[PDB]
Amino acid sequence: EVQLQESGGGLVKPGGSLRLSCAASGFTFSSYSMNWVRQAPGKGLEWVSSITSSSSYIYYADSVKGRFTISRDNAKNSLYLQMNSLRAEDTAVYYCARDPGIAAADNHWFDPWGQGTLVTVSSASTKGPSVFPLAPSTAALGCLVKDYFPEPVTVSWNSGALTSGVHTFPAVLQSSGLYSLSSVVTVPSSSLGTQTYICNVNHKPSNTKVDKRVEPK
Amino acid sequence: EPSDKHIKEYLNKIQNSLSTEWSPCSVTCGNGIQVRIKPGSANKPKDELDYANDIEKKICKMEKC
Amino acid sequence: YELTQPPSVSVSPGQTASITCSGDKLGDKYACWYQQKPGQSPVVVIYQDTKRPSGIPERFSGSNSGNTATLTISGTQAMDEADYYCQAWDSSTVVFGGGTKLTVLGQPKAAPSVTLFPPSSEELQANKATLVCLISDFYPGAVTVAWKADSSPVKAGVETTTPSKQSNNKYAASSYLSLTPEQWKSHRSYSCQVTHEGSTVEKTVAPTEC
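Residue numbers (the entry's author numbering), protein chains in the order written: chain H, 1 to 52, 52A, 53 to 82, 82A to 82C, 83 to 100, 100A to 100F, 101 to 127, 135 to 214; chain C, 310 to 374; chain L, 2 to 9, 11 to 212.
Some hints could be false.
Here are the computed distance ranges between Cβ atoms for each label pair [stated by the list, open to error]:
id, chain 1, residue 1, chain 2, residue 2, range
1, H, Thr205, L, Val203, 48 to 58 Å
2, L, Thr202, H, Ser70, 49 to 59 Å
3, H, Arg19, L, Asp92, 24 to 34 Å
4, H, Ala158, C, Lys347, 55 to 65 Å
5, L, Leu107, H, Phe27, 24 to 34 Å
6, H, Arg19, L, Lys111, 26 to 36 Å
Just so you know, these hints were derived from the structure itself, not from any lab.
Built from N, CA and C at the ideal position, the CB exists for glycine as well.
Just chain H, with the same shape it has in the complex:
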């Protein structure tokens, strides 16, 4: 399984610096050109930088030249993006991407892509969520994830053991500038006394995880 996993995103002050990493597996990382691509929320894809297998040839988009530095450690199967002098307009999901094309034919495409990591450039401070149970009356139960910043928050149920019937709703931006979201799961009403239901709310930008038990009444 060819896989790329980014890390290092989160909140960063304007003018600050942040280093993204991308861990590769399932292919001979040391022989492939690797790329960074970014996507501002609600906007399009924008190429950022490329580096060949041996690091001998490096290129940058004009919008990041002189501020970002791409690098790699083949022995660690890792790709890096050092981001300096960040501005509000660098806020984006940053994607790791492998180029398995044919460079001799000028034939380049990206496959696969990582899951992305969200970088938020803002002067505001982080705030972890307040999590409350949405007790059931099949039944619907869930978790209210209240007043966090910045995005994103992930929600699993029973540490990923419960996936069917799970609906995590996109967060609402509030007048306070904080976000709130909800996640609900539809479960058989008969399990409401027997099965334990716990929502695992992860807010990596504030280093906060909450595991909220949701019981009847």
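With chain H fixed as given, assemble chains C and L onto it according to the hints.
Using the frame of chain H, we list chains C and L on its own:
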């Protein structure tokens, strides 16, 4: 005079054998192309190759019609 | 170098969608196409002008010549709704088109399912209170949400999302009403009212009920 795009199509076609050795002729009857990596680029890894810098082409004339 | 795509292409189910990507002598370059569904990473569906990765449905095809690369989806299904990006290469710079949002029209209408949660006991004991109105499985993707305190329209404390596409191509939305515990306990009821295509689904909750 084959276009560069058509030459690149053949490069992709024989991507598994592309090397500094002249490829087989692109056709078995008529005027085709042969391609290779420049000898001076023999020590470049595949992902550091470039069509305009590293690829040579020559016409071949096969008579098996 | 710049690549240009139409912002929007629409198609009826089972019909052909034609998504173009344009640029100066694009035909002399190699073009590829990525599919991106909401909240997911892009996935290549065509590369090297015409090549389809294994696992990509056979109804995706591509061509590139002149100044236009064309992504063609025959017999478009609702599950093909997504943004589609073309991409090329120019002097070691990778260039993306601006993206085309593909809409599959004429899907079956669906009234919203509405679930309204009262404030939790934990939140009330924290001296806060939020009513949570979760709206799902409606099509098309346009609703208007209003709240009532007993029967008076609420004009403050309401936050409502834009509708977003679900995995089944119906839409979801959520609306939150912030109030005090004393407001929650002193009113007879609160209502979330979701209007979709001129018809309204109202859910009500009360402090004196369980």
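C-beta pair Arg19(H), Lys111(L): status relative to the range 26 to 36 Å that was hinted: 49 Å, violated
Pairwise beta carbon distance, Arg19(H) to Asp92(L), judged against the given window 24 to 34 Å: The hint (24 to 34 Å, Cβ to Cβ) holds, given that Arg19(H) and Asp92(L) are roughly 29 Å apart.
Range hint 24 to 34 Å (beta carbons of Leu107(L) and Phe27(H)) holds or violated: Violated, since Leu107(L) and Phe27(H) (Cβ atoms, about 40 Å apart) do not stay within the stated range.
CB-CB spacing for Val203(L) and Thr205(H) relative to the 48 to 58 Å hint: Hint violated: Cβ distance 35 Å, outside 48 to 58 Å.
Distance restraint evaluation - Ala158(H), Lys347(C), Cβ atoms, bounds 55 to 65 Å: 57 Å, holds
Consistency of beta-carbon spacing, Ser70(H) to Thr202(L), with hint 49 to 59 Å: The hinted range 49 to 59 Å holds for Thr202(L) and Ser70(H), with Cβ atoms some 57 Å apart.
Hints 1, 5, 6 from the earlier list are contradicted by this structure; the remaining hints agree with it.
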